[PDB]
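*Asks:* The lines below spell out each chain.
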Amino acid sequence: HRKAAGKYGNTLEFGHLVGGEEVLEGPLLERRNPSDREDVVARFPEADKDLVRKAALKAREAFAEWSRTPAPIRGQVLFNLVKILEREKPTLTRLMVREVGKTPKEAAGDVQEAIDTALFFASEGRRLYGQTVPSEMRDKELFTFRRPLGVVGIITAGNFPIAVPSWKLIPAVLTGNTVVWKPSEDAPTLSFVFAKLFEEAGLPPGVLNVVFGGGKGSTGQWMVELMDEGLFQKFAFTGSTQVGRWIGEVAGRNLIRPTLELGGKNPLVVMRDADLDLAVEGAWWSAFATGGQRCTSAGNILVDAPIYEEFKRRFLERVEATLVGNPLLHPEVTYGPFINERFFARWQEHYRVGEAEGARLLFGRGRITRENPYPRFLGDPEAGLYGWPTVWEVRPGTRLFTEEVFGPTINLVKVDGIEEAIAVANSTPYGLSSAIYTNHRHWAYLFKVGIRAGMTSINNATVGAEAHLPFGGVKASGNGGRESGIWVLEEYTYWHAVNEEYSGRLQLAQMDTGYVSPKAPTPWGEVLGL
Amino acid sequence: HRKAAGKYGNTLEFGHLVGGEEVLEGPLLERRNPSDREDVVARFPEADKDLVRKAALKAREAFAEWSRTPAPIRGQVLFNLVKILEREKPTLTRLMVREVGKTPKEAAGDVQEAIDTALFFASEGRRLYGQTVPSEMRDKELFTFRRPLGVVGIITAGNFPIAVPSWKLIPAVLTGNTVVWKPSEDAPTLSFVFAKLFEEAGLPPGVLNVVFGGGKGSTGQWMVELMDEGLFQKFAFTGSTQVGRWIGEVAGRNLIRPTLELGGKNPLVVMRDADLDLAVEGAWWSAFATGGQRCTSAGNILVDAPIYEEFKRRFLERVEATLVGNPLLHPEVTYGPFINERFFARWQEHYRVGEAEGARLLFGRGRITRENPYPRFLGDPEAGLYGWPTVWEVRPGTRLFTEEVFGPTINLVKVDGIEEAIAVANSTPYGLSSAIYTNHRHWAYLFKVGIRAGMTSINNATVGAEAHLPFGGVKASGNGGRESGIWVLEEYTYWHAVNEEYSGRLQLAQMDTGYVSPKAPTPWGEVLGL
Amino acid sequence: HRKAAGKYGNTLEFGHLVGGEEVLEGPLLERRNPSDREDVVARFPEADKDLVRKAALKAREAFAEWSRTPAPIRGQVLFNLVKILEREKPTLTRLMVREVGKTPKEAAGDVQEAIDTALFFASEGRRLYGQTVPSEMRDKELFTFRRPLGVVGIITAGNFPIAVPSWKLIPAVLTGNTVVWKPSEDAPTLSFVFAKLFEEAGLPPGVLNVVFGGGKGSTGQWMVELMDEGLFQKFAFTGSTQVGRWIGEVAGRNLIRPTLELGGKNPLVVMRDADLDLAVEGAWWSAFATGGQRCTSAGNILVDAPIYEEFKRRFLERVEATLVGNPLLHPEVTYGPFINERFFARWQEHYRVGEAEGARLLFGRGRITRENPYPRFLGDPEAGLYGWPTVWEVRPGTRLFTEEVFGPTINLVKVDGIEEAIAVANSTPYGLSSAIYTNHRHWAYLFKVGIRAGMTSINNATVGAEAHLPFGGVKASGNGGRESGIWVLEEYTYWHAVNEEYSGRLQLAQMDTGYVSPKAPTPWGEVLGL
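From first to last, the protein sequence lines are chains A, B and C.
Under this note's numbering, think of the first position of the first sequence as 1, with each following residue one higher.
Under this note's numbering, think of the first position of the second sequence as 531, with each following residue one higher.
Under this note's numbering, think of the first position of the third sequence as 1061, with each following residue one higher.
FYI, nobody ran anything at the bench for these hints, they're computed from the structure.
Backbone N, C-alpha and C define an ideal beta-carbon position, used for all residues, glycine too.
Hints should not be assumed to be uniformly reliable.
Stated by the list, open to error - Straight-line alpha carbon distances no greater than 30 angstroms define the calculated DSS-like cross-link-like pairs of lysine-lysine that follow:
(1) B:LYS584 x A:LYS519
(2) C:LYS1143 x B:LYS635
(3) C:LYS1256 x C:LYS1067
(4) A:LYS312 x C:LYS1200
(5) C:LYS1474 x A:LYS140
(6) C:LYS1200 x A:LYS89
(7) C:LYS1143 x C:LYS1165
(8) C:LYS1256 x C:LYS1143
(9) C:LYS1256 x B:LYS613
(10) B:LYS746 x B:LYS584
(11) C:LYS1143 x A:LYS519
(12) B:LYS670 x C:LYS1508
(13) A:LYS83 x B:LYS670
(14) A:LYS519 x C:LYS1165
(15) A:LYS89 x B:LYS1049
(16) C:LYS1508 x A:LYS140
(17) B:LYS533 x B:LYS613
(18) C:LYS1372 x C:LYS1165
(19) A:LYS3 x B:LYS1049
(20) A:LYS105 x A:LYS7
To be verified - Incomplete in silico selection of chain B near chain C, CB under 10 angstroms:
(21) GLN606
(22) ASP646
(23) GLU654
(24) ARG971
(25) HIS998
(26) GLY1015
(27) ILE1016
Kindly generate the complete structure, drawing on both the sequences and the hints.
*Replies:* Rendered as structure tokens:
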């Protein structure tokens, strides 16, 4: 951590964290403040594949001591981290606004998710329950224990730069594993600091190693490839489905079950009996929280025929009122810039794909500029990449309907009755989150058991999962793993079954078992006289 | 089992089952067919306190071998019992119609509950899970095991002569305990036969001992008193609150937690938006199943002001259509006789208590006789004790409102809105079952978290719990125990915590624990430049 | 389902089972009795990829009705299957001796494992527990449910033709999935019959579809490939690591977590303080049960220096006494033929690999023939492929030490003390089963926490897992999934998190949460004066 003054804070320069050492090796990258490109947040190196290799070997060297550290002591380290995150929450909030362009409200929420996670798993150090199981043989006892896997490879996005890494890092080390972490190039400073807070909390050197870099053709890819060298016993990834399937494949052949959170096209249904203003507010927040840059963001609002026109009218009213701007200078805004150029580009393209397939554009004029200004913009739109709130009407089966698009866009879709709403809600390659606004018990029930989704909200947004429920998707949104709560323990441990014999002889299950035979049946119809 | 021909079947004569032996000792009692007093079902002896003592000592002698029988083998015995109950279900159904006056439909249901219970616990023999727990010390392992208690004393009523004993007998023996069982004098034959089916399934002699007799001033009381001699490690009772509190007390001072299912005054709410015919049908069945002789039977129907008159009109219509009669000769009837004279007497008395406190009688003329006939009676009303379906309107705070009355009676009570419905529903000394009929998500939610009851039904009767949910009441309905499913394991086992040391030294929890200390905190506001 | 007389039973001819229909389509294969190749057990077709496609689509068409069948009713179907398997156990035992060459002792054990599994999961239909979870918000409730995946593709080996398919088939249908099953061409009749017993038990047509054929370049491969067409939501496989990695890869990219049981090289340690005769008997049975044709078979006996010579002497004595022969004509034999020619061939080659790398052959002369007879052979050794019991001494690091070889072979390896035994035990690509014979608490403990294995036995064989513990390996033996007991539910279900809102407002977790702030701290040192 060395300095040099920028305009919204110091420009930091730092290296990889490998075996406790800081390592400034590789071509320098930089992260610019997405709200103001003049402000340079960090300068950091790109780890080459040899350095990721070295990091995996430090992690391997650290595993023996860490796995033998009693789980309750490892949990005390996480408790130290709860206190330290609490202390640092205002500072991490402000750094997150500068580095990834989130609002202070949402940035604090993001940090809070990590605190919540750290408290849950601090206590989990005195749990991690296995089972005692009765043998079918005399003088024999059966047991199960949860054991750590080894070295975990972790790759994380930058839209939730503290929360979502915490879901992986914290349970991974709690359960006795060591970690190599390749964080997003969109949030290197936050990632560096987080790793230093784990260090402050007492995590031994080499249990967490941090290698900075890009993804495709860079450190991200190098690290996935190292699964073929046996240097990882586990892998976790948050990002695109397409990258996910590739990581699925590599891990697959190396007999690893990766944790894959892969995005979504999240349906939000509004039935004719819904509380309109509540549903409008829920649809709006589902679409525009984080400027539509969440895996869980609303993809399609499916609106019941009899309220379509009224809902549309009220929803456009609500969207028109959205404040957009530089969240450092204007904290009251709903959303600010795109996190990176990649997402801005895919978002630009969706306007063209929409027009080409016959979608109707109701609201939105693409990138906000001086030449193309937005009536409720606050700040300089040329200092970064900011998008008009965007609303379409679309038919099912179209690319705008089925394909994930990060950024401030949403589709309205007319449906008629509950059976159609469920079928249209399922007509996507995804199955992460979902939502229905209704007051009818029966309609909520049908949606709940008829949707194919990892997560459903009744009269609530598609966004804003609580930290202590299982998080994960079906279909193209993931592969069966769940994060958070007790459910993530399956991701970072394996079952060890033990049978202890005391009988002093070889006795064979299923063959020597001393099953008791019936006695002769009494003819009760005859005895009772029916 | 010796014979002598009655008119609906043989008259049986049998003794107590103690240590495998049949024991015909004590003054003879008899059970008459409640539908036809000319038909004698059984002749059986009253066990004296010395014989209950002897039975507890056989159970104690049998416990060493049975507790050491591997749980999966004990479960195979219950599996044998599933097959045998299945075989015998038509015969047990017909015996139950004759001996306790239930309809064939309800009698089969009763037997099915035992089959369901037997299957659940057969499989539980390979479960009974304890925990493996991580020590806070190195070279140390922690464990929990479920252990059997010892000898269980069980007293059961006769309104569910196969189902409710099965809830106690089956988990008790599965978990490695032995049993002394004092069954209802209203169902001695069913009880004898059930014990013989356990014998057929391979249960060793002395694991189940059966002592017949009465309750107060008889075998029931003798057996409760033996808790003061240390001959029981557990006790379970189904019956009246008043007897329950006394058993609570005796067990209390002997450091036993008894299982006490003690009856109820079960509220059923009908909100203004309810599906009327569904609620009417649910209220009717809640009131008149088993002729109102269930702990779970509806005590009070709380009806929302705007539908009061319409609901009343439709409910009286439905009650008037009830068929009452001899279920042996007329299986289509809803309910038949009272199970015993005691319940008939308390039911007679409620007419007088009602009139005296100002309740309004809407329907019912007390006992059905030739002089006082019921328009939809089928059979001879003088051959047994049968009651007019009975409906009152009552004020809260009255004896008819608060006090349990077995038999075919029910109260209507006008309430206005959800808050009042909840408060009036709670205005009873009981808290067993409960029900609300509504379509509004919010009203169901409020009732569900606002009621004080062990069990709640949304758009369903107060009766008809499924066999694999926890069954039990709060307030005067019980003391915290639950029967059925995984929840009953707490009733028949105790936790044994074991710590195994390998460290070769004395190391002290909370004092020697190797907790890790923080490193120095970095001033991040200053380093980042905020 | 039609006949033609062989010599040890009828020669059956049958087709695939697709949507209830029997379908005789594809080039005919045959299965010969491995103990006597003159006896033809079955003639059956090779399903082409289009027919597997058709089978997967029947399964998809059947899933709507089956998944909506209440879990307790699906469990009643399995209960029917428990009774039917019990009835058929003597017949299935005899068919299994004829079709795959196992001893009657082991064949009965195999069938029993399916009965055990069927009872466990029959009961599980009233369990399948999800969670209720407290919200951090007022007027909000959280829930988790277990949901079925869809259509399951299953490929099974023939060494455990009833037991190991039951581990997959039974939980898969219990949890609401439908199945396409490609059984081993070494046990088509057993597979056909088992499917017909599910049909007898009331399983609806199309919930289980059976497609016969081979593996690589045949039906096995066709079925793995269909994961790329979306026709399977899950896959389970028992066989070789090499095939497993490929299935890992295909499933990987299709975001599926396959269940992969992939074989092993199972260490059995004998410490200087062991009960010698007990360890000798455990090593012997671990090596030669099923003629060494189990994933769990002993690969290496690691013997502590001070007892090496004595153990070797006693072990060779014990091996010399092994009866080998035709189990149909001589049921008292320990093991009979190889299941198929493939395994015999790999086993023949291991003699050459051993000689070439310097292993010392202590016992064994390859294939038992009339020209090369075995002193304790019973029957005609030319009528099938039978192997001399085979014992080597080997160094760690060699092919005979590290590589799995199905068949009657075992290695002795000298180790010195517990640390070396653990290191040598881990020096293999595998981690399925493991075992140590010792009396010393501390040595058992060290092995238990030092071994890398899914399963460990203390003073018991590497073989003979009980049906109700989690079964599965680490390293090259699997990918994290476990079968049997509660642990297999993660394989055939996904978590559905539901949040229900009642607050009538949009309230944001992590941001609106009503956390309470501390009061000012009292200065207790000053107040107390200490």
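*Asks:* Now tell me, hint by hint, if it's right for this structure.
*Replies:* Against the structure, the hints:
1. Between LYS584 (chain B) and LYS519 (chain A) the alpha-carbon distance is near 25 angstroms, which keeps this suggested pair within the 30 angstroms criterion.
2. This hinted pair checks out: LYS1143 (chain C) and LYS635 (chain B) have alpha carbons roughly 26 angstroms apart, not beyond 30 angstroms.
3. As the CA atoms of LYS1256 (chain C) and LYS1067 (chain C) are separated by approximately 24 angstroms, the hinted pair is consistent with the 30 angstroms bound.
4. With a C-alpha separation of about 28 angstroms, the suggested pairing of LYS312 (chain A) with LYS1200 (chain C) holds against the 30 angstroms cut-off.
5. Our distance criterion of 30 angstroms between C-alpha atoms is met by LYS1474 (chain C) and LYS140 (chain A), whose separation comes to about 29 angstroms.
6. The hinted pair formed by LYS1200 (chain C) and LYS89 (chain A) meets the criterion: a straight-line CA distance of about 27 angstroms does not exceed 30 angstroms.
7. Proposed proximity of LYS1143 (chain C) and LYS1165 (chain C) is supported: the alpha carbons are some 21 angstroms apart, at most 30 angstroms.
8. Distance check on the hinted pair: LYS1256 (chain C) and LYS1143 (chain C) sit about 14 angstroms apart at the alpha-carbon level, within 30 angstroms; holds.
9. Simply put, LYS1256 (chain C) and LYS613 (chain B) have alpha-carbon atoms about 22 angstroms apart, close enough for the 30 angstroms limit, and the pair holds.
10. For the hint linking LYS746 (chain B) to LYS584 (chain B), the alpha-carbon distance of about 20 angstroms falls within 30 angstroms, and the restraint holds.
11. Among the hinted pairs, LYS1143 (chain C) with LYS519 (chain A) is consistent with the structure: their alpha-carbon atoms are about 18 angstroms apart, no more than 30 angstroms.
12. Using a Cα cut-off of 30 angstroms, the hinted pair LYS670 (chain B) and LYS1508 (chain C) holds, with the two alpha carbons roughly 13 angstroms apart.
13. For the proposed pair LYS83 (chain A) and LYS670 (chain B), the alpha carbon gap of about 29 angstroms is at most 30 angstroms, so the pair holds.
14. Taking the CA atoms of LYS519 (chain A) and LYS1165 (chain C), the gap is about 25 angstroms. The hint holds against a cut of 30 angstroms.
15. Restraint check for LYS89 (chain A) and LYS1049 (chain B): satisfied, since their Cα atoms lie roughly 19 angstroms apart, inside the 30 angstroms limit.
16. Proximity of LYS1508 (chain C) to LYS140 (chain A) is assessed by CA-CA distance (about 16 angstroms); at most 30 angstroms being required, the pair is judged to hold.
17. The suggested pairing of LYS533 (chain B) with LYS613 (chain B) holds, with an alpha-carbon distance near 27 angstroms, which does not exceed 30 angstroms.
18. At roughly 28 angstroms between alpha-carbon atoms, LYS1372 (chain C) and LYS1165 (chain C) fall within 30 angstroms of each other, so this suggested pair holds.
19. A hinted pair counts as satisfied when its Cα atoms are at most 30 angstroms apart, and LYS3 (chain A) with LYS1049 (chain B) qualifies at roughly 22 angstroms.
20. About 22 angstroms separates the Cα atoms of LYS105 (chain A) and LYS7 (chain A), which keeps this hinted pair within 30 angstroms; it holds.
21. Hint on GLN606 (chain B) holds. Least Cβ distance to chain C is approximately 8 angstroms, under the 10 angstroms limit.
22. Contact between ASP646 (chain B) and chain C, as hinted, is supported at the beta carbon level, the nearest pair being about 8 angstroms apart and thus within 10 angstroms.
23. At a threshold of 10 angstroms, the smallest CB-CB gap from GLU654 (chain B) to chain C is about 7 angstroms, leaving the interface hint in force.
24. Proximity of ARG971 (chain B) to chain C holds as hinted, the smallest CB-CB distance being about 7 angstroms (cut-off 10 angstroms).
25. With 10 angstroms as the threshold, the beta carbon of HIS998 (chain B) comes within range of chain C, its nearest partner Cβ sitting at about 4 angstroms, so the hint holds.
26. For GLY1015 (chain B), the suggested interface contact is upheld, since its CB lies about 8 angstroms from the closest CB of chain C, less than 10 angstroms.
27. With 10 angstroms as the threshold, the beta carbon of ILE1016 (chain B) comes within range of chain C, its nearest partner Cβ sitting at about 8 angstroms, so the hint holds.
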